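Quick heads-up: it's one chain on its own, the form deposited in one PDB entry, in structure tokens.
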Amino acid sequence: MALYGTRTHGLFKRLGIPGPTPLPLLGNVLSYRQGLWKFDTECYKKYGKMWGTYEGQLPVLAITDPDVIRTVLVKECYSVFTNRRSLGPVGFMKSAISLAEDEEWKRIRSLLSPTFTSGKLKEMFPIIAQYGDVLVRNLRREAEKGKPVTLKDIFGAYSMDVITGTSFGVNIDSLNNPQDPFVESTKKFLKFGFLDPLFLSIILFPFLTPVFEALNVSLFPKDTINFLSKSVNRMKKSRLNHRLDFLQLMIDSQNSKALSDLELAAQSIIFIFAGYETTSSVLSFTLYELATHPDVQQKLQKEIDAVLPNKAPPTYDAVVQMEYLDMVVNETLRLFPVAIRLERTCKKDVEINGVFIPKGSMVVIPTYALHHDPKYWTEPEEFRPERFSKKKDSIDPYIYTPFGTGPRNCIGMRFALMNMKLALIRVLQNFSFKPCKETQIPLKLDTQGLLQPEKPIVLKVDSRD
């Protein structure tokens, strides 16, 4: 098959860009089975500054130079690298900001940015902090049994709870309501992005996307999409007969081009999708590191108690004072950047660092590989929150990209950091975490989708009182 399915496969050779030999039709996609985080790390070690791979026929150029990264993510964002990976079959979800393209993305990002400011976070803090209470008592009921706790169920419930309450102003108590159609629908998001036959065919043959769209085939759970879209239209219609949440802000902006009713539903769903799995995973990763580093956990516990004595309820200003908590979260996101990488598409032919890249090619910023580079991080595999202390050198924002950077960065980063810090404060005020004989040590990572532990994180949870 040396001449069937190898049409673009000589591009990087003619450019002088190194990279592993692709296979006909598949390209290098078989190398994804070990995990994208592992593939990016090994390619970085082997080839250095730049390497090229093929997703089927699609050329993929990875770059690690901070200056080139700044060029792709900031300087030429609106001019060359405005979109990400080519859109798959998603139906009306194509207007969600995470999947919008070109001028449609610019308008929707513009309309939504007032919702995600630090000012808006301050006003919404009390709504968010209320869900720390549900998290603590959920954790208490499971800790009271003396039996080790599976964190993914607790923090998965909190993650779904807090993002749903911030979105629609309703507490769903996910852990204790598994028959709720909303809870059952949203859990189906956990199976997204796996390298199943349909997903693999879309990456290999992106020209099949209009076929699957015409067949009403989607990468999202269609039933979940239809329920949430119907639930959104039910909630706005009920409000037509002083609410502070994501939905109300979008409704008000709609009554102030404007957001379409379909576009509003896409954003509402995508906010739940974005905050659900990622926030839960980082929270579970943080506690593994705290349990396996009790000195860090006790030092963090000391800072919480010094800022909020007598189990004081957290305030926005109290969180800003917790320097070590910021260091712990930052270092957890260095070790486990759950999105693994950043991706952009060349909207036109472009010269990247003196290399010609054809229109349509993908550029990858390997966040995970850059996060584990010993060139930038002393003992890169060690959990050391001390890297992010003000007594060290400034962190390069193009090397450390857990939320991306530039105009296309994570719009919900502030809210995500807040959601995680609040949860960490509450549980650490009440509980201490230590490993048991069931704790996978050292931790091993999965090989598909978002960064996730290969086996669920299980820990012994002891009340401080």
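Numbering follows the first chain given and starts at 1. Each form is matched to the other, and the largest set of C-alpha atoms that superpose within 1.5 Å is called the rigid core. Compared with the form deposited in another entry:
- Fit the rigid core and compare the CA positions between these two forms: of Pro380, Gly193, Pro294, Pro358, just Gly193 moves by 2 angstroms or more.
- Shown in the overlay between these two forms, fitted on the rigid core, is a CA shift at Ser394 smaller than 2 Å.
- Here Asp349 does not count as shifted, since its C-alpha moves by less than 2 Å between these two forms after the core is aligned.
- Relative to the superposed core, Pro206 shifts its CA atom by 2 Å or more between these two forms.
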Second form
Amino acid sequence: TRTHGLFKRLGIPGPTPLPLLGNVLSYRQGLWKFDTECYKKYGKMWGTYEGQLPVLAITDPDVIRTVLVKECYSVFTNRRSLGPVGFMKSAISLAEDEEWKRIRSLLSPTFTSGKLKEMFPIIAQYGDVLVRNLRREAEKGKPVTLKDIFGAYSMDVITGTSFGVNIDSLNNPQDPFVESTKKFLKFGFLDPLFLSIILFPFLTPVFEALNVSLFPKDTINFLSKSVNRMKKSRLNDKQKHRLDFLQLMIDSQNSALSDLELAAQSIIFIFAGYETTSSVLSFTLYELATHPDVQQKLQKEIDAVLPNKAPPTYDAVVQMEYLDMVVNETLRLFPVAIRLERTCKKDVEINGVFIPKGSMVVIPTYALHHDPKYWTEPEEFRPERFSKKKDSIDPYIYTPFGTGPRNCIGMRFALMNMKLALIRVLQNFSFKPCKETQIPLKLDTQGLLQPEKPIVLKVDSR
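Next up, the form deposited in another entry, please; the one we just looked at was the form deposited in one PDB entry.
Excluded here are partners and other molecules; the one chain stands alone.
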């Protein structure tokens, strides 16, 4: 109740906060739904409270440009001050201020145009295994749980291109990396440990001293230990040397990246490479199965650019007009990060009102992606909205990978291996909804964008 008068003090609209909880009780419907309702109810700018933390939501593209680009280094340098996390504070998505600039600069050469071109044969090989394993479920005639097999593909791709190691997750029913990584998705806003940090932020140093973390400790330890084995095997074996993500961090120690810092960056990449890639792929295939005209029209383009099921090329992947439209439209309906989050490093006036230091500024990506002002009938899947040329698309309304220095470091990587998977499977298969298919697709109410029930489809040849 201490800060619960800040937004009325500035003449900013917003829902009335509950004394101890603020507006967190309104997250029960889903953080995406709360931002949508607030966007329609209030204007271009509304204020909420996560416990004591004041949260300013902005939708003016001119204002969004200021916080994400112009004043990114000036003020909005840090994303969000998370609770008790332990050594994971050095992870790039959690780092702050100059430490983040150092980590980001060191990791930036990971995804250049040349490095994307070199890892293409690695990704293409996993795609062959993907088509081979998906054929077995098709010839049997059983429904396919998309998040399983496409999750194994994503886990294989990220580990193979970042650490040069083939863990064979596509052919491992009990793959340890997937079992570990999917534990990051279980935590939600109404979890007792996390909810206590929201309501009582002063508990974060307490749990830190007690060595309690918001992250699953079994998962953190397995990945840290498993990554440390791949690093030691990289130094003893000079023949297995590739200029990749893991190597780039090993070269940092010649100057300087800690073993914990190296483990922190690896955990982010493994989680991002597995979860986001497989989630969006499962939405794309859901939208294709529920829109057969779009799927067959997408297959028509593939068979033309790659005649006779020809293996794709790097350039042929980035040439495809309709494929880029299908992926961009999936990311419009299902932006996996509901919002873009920035924290005021100092006191700043944003849109005229003065915002105190420590407050959070939020760009409601999901709400702006579903705005009827920018998208006619926003709940419908129409790849025709987009073209491969994005000259007309506002960079601050359509933000599936964020914008500015803090944008997604792996956007080009994520778009490549998703398109490669789609090309490979669509030139060999067609996806149909079945009895277990949930239509319409209901979104989950906790954390990242996830289906309420796992997406299952039937897969046939051709």
